[PDB]
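Quick heads-up: it's one chain on its own, the form solved without the ligand, in structure tokens.
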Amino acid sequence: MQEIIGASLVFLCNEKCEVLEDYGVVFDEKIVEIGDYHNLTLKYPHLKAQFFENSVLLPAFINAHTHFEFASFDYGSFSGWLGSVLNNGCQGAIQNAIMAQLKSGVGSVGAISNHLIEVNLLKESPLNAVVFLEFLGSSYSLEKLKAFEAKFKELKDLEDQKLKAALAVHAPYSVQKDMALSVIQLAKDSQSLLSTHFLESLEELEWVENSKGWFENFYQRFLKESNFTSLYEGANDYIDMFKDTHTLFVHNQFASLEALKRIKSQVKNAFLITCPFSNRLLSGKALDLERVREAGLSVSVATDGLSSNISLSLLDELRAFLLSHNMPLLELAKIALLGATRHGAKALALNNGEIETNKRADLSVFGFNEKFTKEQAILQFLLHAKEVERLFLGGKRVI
């Protein structure tokens, strides 16, 4: 059926980043019409209508990078964290970790999975899911190459209207060149998305550029292989593999302006994803947001996983995103809201993240105790938003 909802502040989440006051929207499975809440209640008098005063009505968030496979690990260094994850060499937390996204207002997630453990629970959840099956392998092996293209077939046999199948190549230090050319080709063949970790550390930059640094000893101590040279001969050699695709580039805190200009000019449809908290614990260098826009790209904000973070609430990761950059606060607060909405749905190629006609009815309502001023609404929301009062996904009431 059809129903009307309106709040004292409505965040359209357009590229203009428009906030409207006392507006309402009518929706079924999709968003049909927008306008003033009172004028809408006269136009459609018989539709059920609810208004929320001193509340914010916005799109449901999109978390494009989150691993549900997970103290333990070491923070303060990337080498120390990777060493501590490999010195290590789940079903119940997964059913409660989805609940941490719904209550935070997240309606769509781009989850990276290695063994397809959480995909079954993501299907009964109301969440919009884009599972990237991640490929890990620094030695060529035709045997595992077909054991990975057979696990993807199990993913494509589980697709719905809520779960889309995608594929991921881990990092330039973990995947051999001819094993990624096959993964990338299968994504073109299956017409699915690509996610990848790119220049996340200073040690990976030293490794990819000049075959030096902490990675001389990585393949010997941890992988039982005898390799002492980089799998790729420079940063551009890794990028050109993703030419003419829809590739999600995560982190990129150590990619130079020439490197991101190359990503934009060559990948054609590249989407940079950033996770503020995980960069602090690991590499320690935050993403230069000016360099991002000096190259012509935009960022989405993601929680990453509890592999290198303390809370997977997208709102708490937004505040840490605000504290991590010296940009003018009120402009950067718009980069966060759009990086958690429209920019995250365009990276995942979904039909939500914006209050627009014919878009998915993925709506969040957040209740407060005051009415923020229109000039401050976007920033006051990010500081005080913690839980969600109402969450509508596909026009169905979930929370």
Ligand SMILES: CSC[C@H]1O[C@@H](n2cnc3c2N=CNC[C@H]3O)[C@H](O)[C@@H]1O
Given for the second form:
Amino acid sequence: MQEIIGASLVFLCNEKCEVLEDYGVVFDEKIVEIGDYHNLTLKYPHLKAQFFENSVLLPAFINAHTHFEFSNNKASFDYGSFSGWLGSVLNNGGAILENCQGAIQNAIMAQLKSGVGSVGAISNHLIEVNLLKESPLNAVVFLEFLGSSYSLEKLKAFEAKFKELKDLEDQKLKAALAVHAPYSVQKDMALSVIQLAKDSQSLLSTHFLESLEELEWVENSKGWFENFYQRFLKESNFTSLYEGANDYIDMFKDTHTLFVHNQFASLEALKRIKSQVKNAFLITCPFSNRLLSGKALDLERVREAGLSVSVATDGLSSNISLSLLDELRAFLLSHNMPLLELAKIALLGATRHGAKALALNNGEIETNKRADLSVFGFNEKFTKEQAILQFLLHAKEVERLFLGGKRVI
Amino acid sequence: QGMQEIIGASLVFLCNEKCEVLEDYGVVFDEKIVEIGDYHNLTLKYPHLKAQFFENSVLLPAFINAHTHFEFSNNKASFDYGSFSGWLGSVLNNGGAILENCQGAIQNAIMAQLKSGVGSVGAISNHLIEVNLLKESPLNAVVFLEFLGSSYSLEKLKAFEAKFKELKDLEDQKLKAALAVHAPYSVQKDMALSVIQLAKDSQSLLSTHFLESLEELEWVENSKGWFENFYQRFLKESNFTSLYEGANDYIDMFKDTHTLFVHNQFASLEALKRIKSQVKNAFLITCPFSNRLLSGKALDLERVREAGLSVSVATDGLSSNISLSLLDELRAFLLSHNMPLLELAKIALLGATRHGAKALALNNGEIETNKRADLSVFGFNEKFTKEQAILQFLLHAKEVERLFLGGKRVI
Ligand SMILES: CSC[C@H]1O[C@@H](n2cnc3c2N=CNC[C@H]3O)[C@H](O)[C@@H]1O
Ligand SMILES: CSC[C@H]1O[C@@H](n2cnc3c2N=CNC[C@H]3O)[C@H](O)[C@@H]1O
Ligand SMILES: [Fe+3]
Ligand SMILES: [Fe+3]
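The block above covers the form solved without the ligand; next, return the form solved in complex with the ligand.
Now the complete complex, all chains and molecules, led by this one.
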């Protein structure tokens, strides 16, 4: 049933990024009504109402791309190059995935305490699914396929794994699918995964042009990936699995597909993604990009292509923190756009845009959306024009978290 | 106990200019570093000295934070960010209110330094309100008494000379008195010359903020931009032209001095080369988070290299930062520059140790015989590879496990 919450500052997280003072929200499981808090308490004098002075009320965050299974990692993988990182992940041989549950639960709570209400979890083995189901998080689990050599047996085992994930779906868990990358998934295997997504009305995700090594491989079949398949996979393949970026992009034509990273995608490739996929969603991971390729996503190019970004943490396999607030501050440091303008992009990248990417009914304070709401408390009240930036700079731990109208924190 | 002891760790960062990394090495030290070598061989050579080895840990010099403003430690959201003019205007409009009831935040700021591995601080001070707490802290302190004043006044000079004498009388083995000229837009030329002369007469170090914003650059070079109305609007002073005709006019005042130049992101290559050739002993200080919050432009490290200079990394104050942990500042530094990460990690580490020690004329910042025994130990859950050790340390180091200052255990 219904209650009223208000704060000195409310971030609607519409595309305008509206900031409202002394506003309130009536909600049960959904957002019922928005308005001035005092007027709301007069209009509904019999409801529970709480006001949080010197606080910010905003939608719970959406973290559209993380790898919970790698939550054990601290220094198991090399940083400073993508090729060095990928080689270290493969040479690790999955050892970091063992004894996983403690780090995954710690990872889940880092999300919730950071204000994250919804997660796009990339999963290769569904080892994190149980803990996610037991958490209050909204979860879209992308079962991610790996395989550079076609095998009908591996397809059937993968479709059997996806059926197990589908049978766990409920109001908090949506099953989805992922193609790992252009260098790691053979074309006909990827086409099969994409077809299964269409047959099951599932979302799609993929890592795209994350490194110069991948760009030189995809475009000219040269560079570091020349020996990658023999050295690491014991596969006799010495040419790219896809002749050019367009060959890969076109597989996702007329789909709802998340494209992650993308820093080495030219303006031609980004425009192709928009025009071919129709419902594409660019995901940016600032800290992961700095640790691996070392190149940040060119946001001006993204704007020139007519696209927008959601900001995600990635996994601890390529990050030091799963707090989305930490990622948003790294995002502010990773781009030289005017900070006040960049703060709005960061906030929308953590709310409305991620919700649209995951096809969730949240990420914005608007009637009929889910009552996924965060309250962050501070020692002062920010000015209207500084509110968003100061929030991103100082927000560390959530003071109140409501998910589906129920108090979680 | 002024006796000697041995400490070793799986990884030791010497922080020489080579940035040497050594495995299973140890250090013998009393108040100074006495001997360096393989830890096991050190325990055989000195079997009666007290000896500890820290597995899966990093031993390195205590950090030097060459530029901070402790007096502004109360600040969280009192000042505007997103532009330098917006920030400076908000600081002035604050009217010093954030400076009142200061001691609680200053003690918290001090302790944030120590737990971050910082052993030495370059503290910029306008009123010496933080000096007392600094003195009874174990930190090595170089307090730069900073002069502000855009209109010449002999009375203001004499009161400033008198405040510096008050600071000089507090000097000891842990406190060095120094002087600072705030900025080209805030200090009248003959007032700055007087401060610089006082530093020479007292053999004091100097520090200054230089070309931190586009607004300052347009003012200094062409007497145009936001600073046109700054003196009437904020200071009630009838001044409409720059206090210095060009950057070289300001730089040349510090000719043949030991002067720290802070920020500098809007200094051209010629200006940086002028600083190097004229000052002779200049030290560039970079504050990545403050630069992002104010002007929004990062220091061009390639330009700094082209000018033949190097940088030390500092936190600035909470007036223009969210954390005074130098480790947080170093991670922000890694995010603020697109240089190859392994190469940038070496610059960051040396920027927090040896370079800052040289800037403050301190006998530390490096694990070398006869240097001060200012040593940090950071513990981890794994042993880093030799080539990843410095970067992984910067990424994962949060709180120090052991801090020794002058050979005495502090943490
Ligand atoms: C062992 S092949 C690559 C594996 O690394 C995993 N991964 C973890 N974090 C990331 C991963 N993949 C690509 N780029 C970095 C980041 O997205 C990915 O799921 C895949 O299982
Ligand atoms: C014209 S008043 C400026 C005052 O702000 C203080 N300040 C605090 N942090 C910084 C300050 N000065 C210049 N740029 C930003 C940073 O260095 C400075 O010491 C001075 O007292
Ligand atoms: Fe990923
Ligand atoms: Fe400063």
